[PDB]
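Novice: As a plain string of letters, each chain reads:
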Amino acid sequence: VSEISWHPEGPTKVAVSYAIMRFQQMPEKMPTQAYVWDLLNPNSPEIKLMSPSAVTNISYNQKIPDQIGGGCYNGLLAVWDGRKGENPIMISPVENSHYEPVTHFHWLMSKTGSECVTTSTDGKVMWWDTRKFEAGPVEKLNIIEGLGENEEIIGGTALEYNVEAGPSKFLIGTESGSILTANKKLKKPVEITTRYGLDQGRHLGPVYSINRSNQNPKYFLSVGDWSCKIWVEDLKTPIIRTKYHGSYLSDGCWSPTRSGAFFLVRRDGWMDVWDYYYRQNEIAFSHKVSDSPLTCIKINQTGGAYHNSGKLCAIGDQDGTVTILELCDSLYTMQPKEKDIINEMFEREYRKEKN
Amino acid sequence: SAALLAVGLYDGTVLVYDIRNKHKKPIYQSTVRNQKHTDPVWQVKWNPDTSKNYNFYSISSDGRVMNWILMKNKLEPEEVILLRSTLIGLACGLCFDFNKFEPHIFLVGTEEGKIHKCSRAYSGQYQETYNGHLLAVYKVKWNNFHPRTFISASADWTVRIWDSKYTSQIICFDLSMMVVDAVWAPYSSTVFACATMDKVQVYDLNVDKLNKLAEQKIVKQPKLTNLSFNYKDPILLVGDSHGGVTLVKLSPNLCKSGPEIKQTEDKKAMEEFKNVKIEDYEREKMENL
Amino acid sequence: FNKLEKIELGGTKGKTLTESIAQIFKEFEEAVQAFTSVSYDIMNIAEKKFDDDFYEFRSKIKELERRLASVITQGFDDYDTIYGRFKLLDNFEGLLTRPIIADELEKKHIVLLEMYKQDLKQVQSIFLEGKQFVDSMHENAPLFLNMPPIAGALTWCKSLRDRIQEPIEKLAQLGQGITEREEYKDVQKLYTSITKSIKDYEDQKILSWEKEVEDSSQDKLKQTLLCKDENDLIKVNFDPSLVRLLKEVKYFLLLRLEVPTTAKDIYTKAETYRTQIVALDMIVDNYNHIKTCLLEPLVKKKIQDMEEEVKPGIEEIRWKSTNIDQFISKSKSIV
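Chain order of the listed sequences is A, B and C. Position 142 of the first sequence, counting from 1, maps to 142 under the numbering used here, and the rest follow consecutively. Position 44 of the second sequence, counting from 1, maps to 44 under the numbering used here, and the rest follow consecutively. Position 141 of the third sequence, counting from 1, maps to 141 under the numbering used here, and the rest follow consecutively.
Read the hints as simulated data drawn from the structure, not as lab findings. Mixed in with the good hints there might be a few duds.
As the list claims (entries may be wrong) - Here are the simulated DSSO-like cross-link-like pairs (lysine-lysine), alpha carbons at most 30 Å apart as the crow flies:
1) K111(A) to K29(A)
2) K26(C) to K52(B)
3) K29(A) to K26(C)
4) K62(C) to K158(C)
5) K337(A) to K13(C)
6) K132(A) to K169(A)
7) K60(C) to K117(B)
8) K74(B) to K108(C)
9) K218(A) to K87(C)
10) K311(C) to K243(A)
11) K243(A) to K100(B)
12) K52(B) to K311(C)
13) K3(C) to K52(B)
14) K311(C) to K100(B)
15) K337(A) to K209(B)
16) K13(C) to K114(B)
As the list claims (entries may be wrong) - One-sided and incomplete, this derived list gives chain B residues near chain A with beta-carbon spacing under 10 Å:
17) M71
18) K72
19) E78
20) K209
What the hints assert, rightly or not - In silico negatives: residues of chain C with every beta carbon more than 10 Å from chain A:
21) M147
22) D219
23) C227
24) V243
25) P260
26) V299
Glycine is no exception: its CB is placed at the ideal position from the N, C-alpha and C atoms.
Start from the sequences, fold in the hints, and give me the full structure.
Specialist: See the structure below:
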């Protein structure tokens with residue numbers, strides 16, 4: 001389960017992709033197809049998404065209800081319709097679309113007719129237009145590290161984008177362990193402003209997931225190698241490093257409801273939760289999901305019917321199983337003076353790193 | 001919140017109960033993973049401050065003053081001080097008390113016999129030591145309406161009144177039978193009660209310098225394990241060895257602002273003239289010695 | 001003490017510690033305000049009043065230095081990470097009060113050495129378990145996402161080697177003869193045995209790789225074009241081991257360490273192959289879906305002519321010398 005995404009209206013359906021990220025280990029003519037589950041009938045998938053090549057990353061588009069877009073292992077981008085499904089309506093050209101597999105695909109909500117962004121291990125970030133796939137993508141940025149004369153092209157392993165951050169900033173993680181920021185301009189076609197962890201913050205492995213809290217968008221975490229870290233929207237070095245772990249971390253995300261707590265998933269098999277409201281030293285609680293590794297986590301943004309926001313956590317296993325965990329009514333619900341305390345703590349840590 | 005009930009028992013397990021709860025199981029427990037002290041927990045007290053959740057204080061015979069903080073389905077322990085010379089191990093501790101005027105300064109009694117004054121600030125240091133007693137001090141308690149003054153009741157059949165500034169005692173009270181515990185009166189300063197081998201004995205420093213005001217035998221058959229004072233009314237509680245707990249209402253002959261009844265009309269006097277009279281009495285003993 | 005105010009450690013349990021530091025700073029501010037009064041004094045040797053004022057101030061400082069030592073011990077019992085604790089020290093590195101803090105640091109130094117042993121031992125246990133899986137090339141391996149099975153090991157080994165090496169460069173900076181302490185010496189002896197065992201595993205992987213690099217360079221030259229099945233369905237014959245070699249070379253340059261001999265020539269042109277393979281493909285496909293489209297007994301000559309036109313090339317195909325640009329296009333004008 002290479003990537004998961006939730007339905008934007010509410011927690012009714014969960015679109016999930018399927019591909020092998022192990023190199024050449026994928027069989028000859030393996031079944032290349034993403035599915036979409038409903039929480040009413042979890043026996044078999046509600047609808048099938050037939051693709052040209054195995055789909056690496058998919059996501060729902062909040063702008064157009066049920067329009068799933070996905071990045072293939074080939075380098076191709078695809079877009080389906082969640083109602084009819086079957087075959088993909090928009091497919092990129094083979095030659096101009098980047099080499100090596102789409103490591104992240106996210107929608108640019110802040111636009112009339114939706115647009116989509118896409119990074120790769122080729123190390124070329126791209127801003128695609130969904131209405132107009134035409135002759136390749138609009139914007140081409142290669143991820144150079146250091147500037148000066150030394151220019152090495154390093155694979156864009158994770159991409160983060162938020163409404164509160166705005167259409168200006170695109171927060172990009174790399175293979176080498178650094179994190180770059182690409183501010184798109186109508187002036188100069190693109191600029192790579194900040195370099196988060198050129199020196200100290202450098203992760204020991206690739207930055208597999210970035211995310212920023214919906215409650216406080218200044219503060220974002222990146223889940224590289226063994227140890228998750230937390231950053232601030234100007235500073236170079238990370239504010240809070242959080243331990244090391246049993247095996248590596250594949251993914252991790254903030255609770256959309258609660259600023260304090262954020263959930264990591266380990267390749268050992270365990271999920272582990274860090275609730276910073278109570279304790280900053282130890283884990284809140286750990287939970288075995290599967291003996292097989294965990295390749296992705298996603299959490300429900302917005303609630304409907306019975307399930308409120310931040311309650312259900314869809315987690316993707318290497319076996320190919322996708323578990324949905326109803327969290328405790330304390331963990332998703334806001335505790336008293338939570339948002340105030342975490343703002344004070346982060347402000348204290350921002351003063352720390354200055355000092 | 002009077003519902004919160006602090007409990008200490010053998011194997012140095014720390015229990016918390018709520019009277020409100022119907023099921024009547026412990027709300028909280030200490031385990032080996034929560035760094036529970038070994039042997040027993042002789043004394044246990046609540047911290048009045050409620051800024052940092054709910055602070056519960058405990059002492060063990062192992063001799064580690066432990067501060068316990070209430071969290072959601074977990075107990076966080078913090079070593080306050082260690083009791084601690086050409087001996088083996090840590091010194092044993094049979095009682096502790098916190099000064100109500102200064103929350104930093106707190107006294108601790110030892111099986112060694114030497115009472116110690118201690119700060120929450122510095123963990124691995126003593127503010128002062130008192131080499132008065134010869135045997136294990138059962139109960140130390142600060143006096144009401146005055147700082148830097150306290151009683152202790154030891155196995156060595158002597159009840160002694162210190163001032164924190166001085167290193168030795170100001171007064172001692174030799175009784176033939178073993179002293180079991182001494183407790184200050186809450187309504188008036190310079191009034192305490194001492195229980196000894198079926199004999200409860202109340203003193204007043206204004207009324208008599210040495211001699212006992214009242215001596216009584218609540219119950220004939222057993223021995224007296226502990227006594228405690230009520231803050232609202234003049235009523236003493238007295239425990240027996242057979243789990244029996246008899247209460248005793250004191251005489252009105254003892255009181256406060258006694259020299260003249262409703263004289264000067266001082267409201268401040270009830271929490272200051274008490275502070276002044278022990279000082280006036282304290283000076284008298286310094287002239288004697 | 002002026003530096004102490006500025007310090008904002010921010011670690012673990014918060015405010016309560018900084019509040020305690022603030023009250024400590026206020027007490028100091030009262031003492032220095034009382035010293036500033038300079039009643040008599042004025043460095044007069046004949047006056048024996050300053051000497052008394054020193055003894056009063058020295059006692060206040062000795063009380064203050066004991067409160068600092070207690071605050072440092074609380075703050076150290078909190079972070080619970082060799083990194084977080086080393087960061088705390090650095091804040092008070094200029095705020096060491098000569099021997100009274102140094103007596104506390106001696107005890108603190110022993111605890112750091114014990115913490116680094118546990119991490120170092122834990123890495124060793126992860127390396128031994130991993131080493132088996134890396135060589136095996138099992139599912140759920142230490143190798144992370146799409147890497148080569150060879151370069152992936154070296155990057156994995158590097159990531160471990162880098163984790164262990166960060167505290168040692170920090171430990172060297174500590175004073176008070178940490179190197180002379182027998183406890184430190186036992187950690188260094190352990191470290192050396194782990195680094196050697198990791199380096200030995202890298203040496204086995206590079207040596208085994210260099211042999212595979214020589215075998216792969218042969219395949220490329222004699223690869224040509226292969227067309228399988230009863231139906232003539234010619235395709236790209238490019239070996240998977242040549243694609244993995246092409247990726248392997250790029251990750252070696254990223255980690256720097258060392259590089260292969262005469263595999264540079266394959267990596268420079270590498271880009272040109274990845275345009276030419278796509279470009280080639282273009283035509284290849286079209287041929288397939290051209291072969292199966294017929295029902296042909298009408299217009300044999302055309303189709304034949306494409307077969308007869310293609311029938312060399314494939315023969316032509318040698319990655320030694322690519323003139324694909326043309327071929328391609330002449331086909332393309334006719335396909």
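Novice: Indicate, hint by hint, whether the structure satisfies it.
Specialist: Verification of the hints:
1. Between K111(A) and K29(A), the direct Cα distance comes to roughly 38 Å. Violation of the 30 Å bound is thereby established for this hinted pair.
2. Between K26(C) and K52(B) the alpha-carbon distance is near 22 Å, which keeps this suggested pair within the 30 Å criterion.
3. Proposed proximity of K29(A) and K26(C) is contradicted: the alpha carbons are some 74 Å apart, above 30 Å.
4. Taken as a hint, the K62(C) and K158(C) pair is broken in the structure, with Cα atoms around 48 Å apart against an allowance of 30 Å.
5. A hinted pair counts as satisfied when its Cα atoms are at most 30 Å apart, and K337(A) with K13(C) qualifies at roughly 16 Å.
6. Proposed proximity of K132(A) and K169(A) is supported: the alpha carbons are some 23 Å apart, at most 30 Å.
7. Simply put, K60(C) and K117(B) have alpha-carbon atoms about 19 Å apart, close enough for the 30 Å limit, and the pair holds.
8. Restraint check for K74(B) and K108(C): satisfied, since their Cα atoms lie roughly 28 Å apart, inside the 30 Å limit.
9. At roughly 24 Å between alpha-carbon atoms, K218(A) and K87(C) fall within 30 Å of each other, so this suggested pair holds.
10. Note on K311(C) and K243(A): the hinted pairing is violated, with a Cα-Cα distance of about 63 Å set against a maximum of 30 Å.
11. A distance of roughly 41 Å separates the Cα atoms of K243(A) and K100(B); the hinted pair therefore is violated under the 30 Å criterion.
12. The suggested pairing of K52(B) with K311(C) is violated, with an alpha-carbon distance near 85 Å, which exceeds 30 Å.
13. The straight-line distance between the Cα atoms of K3(C) and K52(B) is roughly 28 Å, inside the 30 Å bound, and the hint therefore holds.
14. In summary, the hint linking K311(C) to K100(B) is not supported, as the alpha carbons are separated by about 103 Å, beyond the 30 Å threshold.
15. Annotation: proposed proximity of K337(A) to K209(B) is violated, straight-line Cα distance about 57 Å (limit 30 Å).
16. Taking the CA atoms of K13(C) and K114(B), the gap is about 35 Å. The hint is violated against a cut of 30 Å.
17. With a least beta-carbon distance of about 6 Å to chain A, the hint placing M71(B) at the interface is held under the 10 Å criterion.
18. Look at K72(B): its Cβ gets to within about 7 Å of chain A, closer than 10 Å, so that hint holds up.
19. Below 10 Å, beta-carbon pairs count as interface contacts, and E78(B) has none with chain A, the closest being about 13 Å; its hint is therefore violated.
20. The restraint placing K209(B) at the interface with chain A is violated, with a minimum CB-CB distance near 56 Å, outside the 10 Å limit.
21. With a cut of 10 Å on Cβ distances, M147(C) falls inside the contact zone with chain A, its closest approach being about 6 Å.
22. Non-interface status of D219(C) relative to chain A is upheld: no Cβ of that chain comes within 10 Å, the nearest being about 15 Å off.
23. With 10 Å as the threshold on Cβ separation, the claim that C227(C) sits away from chain A holds: the shortest Cβ distance comes to roughly 17 Å.
24. Distance check for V243(C) against chain A: the nearest CB is about 8 Å away, which does not clear 10 Å, and the non-interface claim fails.
25. The claim that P260(C) lies off the interface holds: its Cβ sits roughly 18 Å from the closest Cβ of chain A, which is beyond the 10 Å cut-off.
26. No beta-carbon of chain A comes within 10 Å of the beta-carbon of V299(C); the shortest separation is about 29 Å.
In summary, the numbered hints that this structure violates are 1, 3, 4, 10, 11, 12, 14, 15, 16, 19, 20, 21 and 24.
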